[PDB]
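In structure tokens, the next block holds one chain alone, the form deposited in one PDB entry.
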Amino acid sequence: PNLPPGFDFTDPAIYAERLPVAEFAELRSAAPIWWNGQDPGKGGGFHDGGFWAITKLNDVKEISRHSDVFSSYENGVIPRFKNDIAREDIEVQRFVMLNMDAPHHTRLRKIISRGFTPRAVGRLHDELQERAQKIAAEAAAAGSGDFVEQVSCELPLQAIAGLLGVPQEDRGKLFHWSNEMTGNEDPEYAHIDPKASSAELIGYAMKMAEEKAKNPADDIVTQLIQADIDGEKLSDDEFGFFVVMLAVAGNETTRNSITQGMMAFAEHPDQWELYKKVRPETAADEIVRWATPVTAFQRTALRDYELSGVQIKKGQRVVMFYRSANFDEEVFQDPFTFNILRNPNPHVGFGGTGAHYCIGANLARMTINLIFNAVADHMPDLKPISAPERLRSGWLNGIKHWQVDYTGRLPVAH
């Protein structure tokens, strides 16, 4: 393919500036499974010399379905850390369900599923709609400001707190810990240590589990720590690892779907007018496909496996570029058109179908719908002031800041 020598699709220096949309398109056309070599020292923590870049949706689905071959546990799913990360800090990811394989994954996923039933998630609708309205109103009253802080950040965190029944007076500290826990290489956050925040959150969660076992209630935490008919339940530490997992899994991801959904609405005012008018049930999925908050997750082959004519060898990493797959011209009609009516929309922003497919997908869609309803109600005319500031990460597609005029009336500053 026509790519610069040395090009690495996991390079956080790319994403601090842009999404490499042209280069993904070049691989889908010229080399849809492509060996991305990595130089000595520059492996993002993996010392294997490179990985297979997976760029087509059908191949992302195939890998995702064949979890008996393509393991999450062996090297975890994050394809990029600081280059000098210790191996034990990659392996500590195995304590959370996202980085487990069957059969251990299968048991935990069945228990954790109790928290994500339609009823469990449905129960959060009213508090989240009230909060979404309050968020948007307060931002509108500020006139202008950082959309990421003032509109995108809070609701995903309130969804996690509501789910876990975190007392109101504990939410600031919970959110503080959570916001320190999705590591990145961004110089703006170079002073933060995820490990200490993670240990505080796990201890807080374990105390909650102990208390709820003693005073069970009609809530999701009680369901998780009480034995079902098969005797299965989360131990206290397992409950702590579930909370730690959510603090990353359901935080920056939904946050970025909100920021980048609004960026797409600013870029496509026809879609924003359509949205405000009809508030269509298909909008959240198009927002997720367009935002693709997780650029990529990886797997490791547990045996040689041929994928679309390419021999993957045992031990090699494959990196599923959801950012590429979600724009695959053989699966979507006009993938580079932002269309909030798109249906079907077989995007992989929540992963390919398979064991690990996002268990929070419906909660995330509800979050997105409630906050955009509130934005439509309170700041229908909002206009950006300056360009988004992207996050330096080689796997998360993040926006740190985006200055916006909620009134739409401020004139151009010179």
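Numbering follows the first chain given and starts at 1. Superpose the two forms; the largest set of C-alphas matching within 1.5 Å is the rigid core. First, how it differs from the form deposited in another entry.
Of the candidates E330, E306, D218, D270, the Cα that moves 2 angstroms or more after core superposition between the two forms belongs to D218 alone.
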Contents of the next structure:
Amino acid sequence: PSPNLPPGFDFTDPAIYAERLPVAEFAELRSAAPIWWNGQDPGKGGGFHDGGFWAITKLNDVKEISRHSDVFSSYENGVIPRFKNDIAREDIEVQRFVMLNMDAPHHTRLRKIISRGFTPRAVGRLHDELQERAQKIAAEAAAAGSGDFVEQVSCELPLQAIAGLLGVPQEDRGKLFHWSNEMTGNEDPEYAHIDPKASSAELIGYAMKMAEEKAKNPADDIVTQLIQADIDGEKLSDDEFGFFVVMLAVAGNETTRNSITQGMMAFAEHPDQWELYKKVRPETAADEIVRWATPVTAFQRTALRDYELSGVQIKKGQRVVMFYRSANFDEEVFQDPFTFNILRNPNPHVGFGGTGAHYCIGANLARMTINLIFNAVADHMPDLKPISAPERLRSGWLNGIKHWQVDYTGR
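Moving from the form deposited in one PDB entry to the form deposited in another entry:
A lone chain is what you will see next.
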């Protein structure tokens, strides 16, 4: 029995996400076709011209794909499953220069370097400054009375986390934030004029100058650990540091922003969870917010060989698309997946991906950012109330909120 979906439905269609999350449609796949061939008409594959892909909807299959990175490649077609239909193949392949789109052994070496400086100690060293910034953000928003929660609450702390991790001078954070924002959303009419390639090139140029500067003056950041040779002489070259900065700018900005916006949307819809949060301030809330928000709807892989997955024969060369938005509501893993429960524990969501080689290196920085901003929201605008419905982002793989009008003082 085929799944009850409209003919030609494409779960990476940006026109869907501009209006809604296809929650009923994912639930139908989980019940009737948990691994399902998503066909794509000629020229309508978002930059891929292979006839379609396997939709992966169950959490255990997402973990299996993610852990078998020897078979399911990030490099072969990159991990973003949807671009503009007319994107040039060369513009997909240039994305192989960021760690996200690399396979072992190249990925292994680069991740080892990135992780010697990107440690729990390094992240914890940002706690106090990000806490001060979160309190300032929430106080200034509340002072405004009403406004766009996305812009006045959600946007700034994730960017300041990237700046503090890298030790970016305060005078440069404006342009750093500009470049980061220019590298996502280009399929939405509101952002039709951004140029992510041009922005990435400007950020690489900036980052390579940073690498040369911070080599002369080591400072209390991660850059020095990254650009300094270890025992084996392993280190990021200046251009590798540049591609890492591009990586961070695109990985840790709008993802965390959208988790914050949709976290507060969830609190607005579940007042009892908001009351509980304000009283207990449970840090388990961050993981339930990421599960609920699933800011990356999906990443893909490409089979390097034939592989049988939960009884379905994946063929060499075929793409599999891991729908984290479906897996995070998998009835076989979660008790009451469609209950927003900030005390959920353990919370084995895959909002940060399936376990394995590419697991989000910023997961704990993201959780800390979320916990700090929601404490600040609780401290300064405990009675906020939405004014109008969120405006969603036209994207085929990112779950974004562009704007959300709220009354911070609660009438």
